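Engineer: Residues per chain, in single letters:
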Amino acid sequence: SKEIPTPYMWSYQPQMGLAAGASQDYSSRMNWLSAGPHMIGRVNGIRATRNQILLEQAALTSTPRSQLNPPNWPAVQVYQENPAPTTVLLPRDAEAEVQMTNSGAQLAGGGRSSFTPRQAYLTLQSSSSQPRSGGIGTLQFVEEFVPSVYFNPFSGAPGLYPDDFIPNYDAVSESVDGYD
Amino acid sequence: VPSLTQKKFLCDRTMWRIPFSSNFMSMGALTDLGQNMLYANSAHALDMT
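Chains as they are written, first to last, in PDB author numbering: chain P, 2 to 111, 164 to 233; chain L, 829 to 877.
These are computed hints drawn from the structure, not numbers from a lab. Fair warning: there could be bad hints in the mix.
To be verified - Which residues of chain P face chain L? A few of them, derived with a C-beta cut under 10 Å, are:
(1) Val99
(2) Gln100
(3) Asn103
(4) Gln107
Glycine included, every Cβ here is placed at the ideal spot set by N, Cα and C.
The shape of chain P in the complex, shown without the other chains:
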């Protein structure tokens, strides 16, 4: 009961990207009620492994932070997207091409051109101007927010409980912004 708890699994928010408040795992339980002593000490020996795998997974994978389910993620702790700088091939450098038309030759069609020998091409940055904050994606929620195994559950002062397990709770208001 208190010692081998069925772990609190989270729920994903697709819109905000935050954690949608966790819930007790109620869809993987064995029905050990029809079992004598040689198996109900084996079933409890299984849950005591997934409550130890989920603690040796929470250290390898999750970011060490204070506020689990934070409302506003920082910039550096969110996966960014930095592709290669987009190498743009400029076709015809017009520093000597506008002289060709002013000589009288109208151009058409379209090295790269025969009248000019040179061909410059520029590169430019392909990332965003500012990195992204406020909300993690789906694959970040695959990575972080492993099911939190909560031992000796709800055994302390008010406010010392995990208040974000309530799937209605604002993390920076100490309150449900309810119907108002």
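Following the hints, complete the assembly by docking chain L onto the known chain P.
Structural biologist: For chain L alone, kept in the frame of chain P given last:
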């Protein structure tokens, strides 16, 4: 009765304008094709009909 239509307009009070430009865009006092001829030195005539 069988019919056929007529489609002429009238737009008074203003002037037709052909901006001396590449893409016909009013982009200031000068035009890039307006000061294109100072990049050359041509001084050549025109005919209009």
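Engineer: So, for every hint listed, does it hold in this structure?
Structural biologist: Going down the list of hints, with the structure as the test:
no., hint, in the structure
1, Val99, "holds, 7 Å"
2, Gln100, "holds, 8 Å"
3, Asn103, "holds, 5 Å"
4, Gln107, "violated, 14 Å"
In summary, the one numbered hint that this structure violates is 4.
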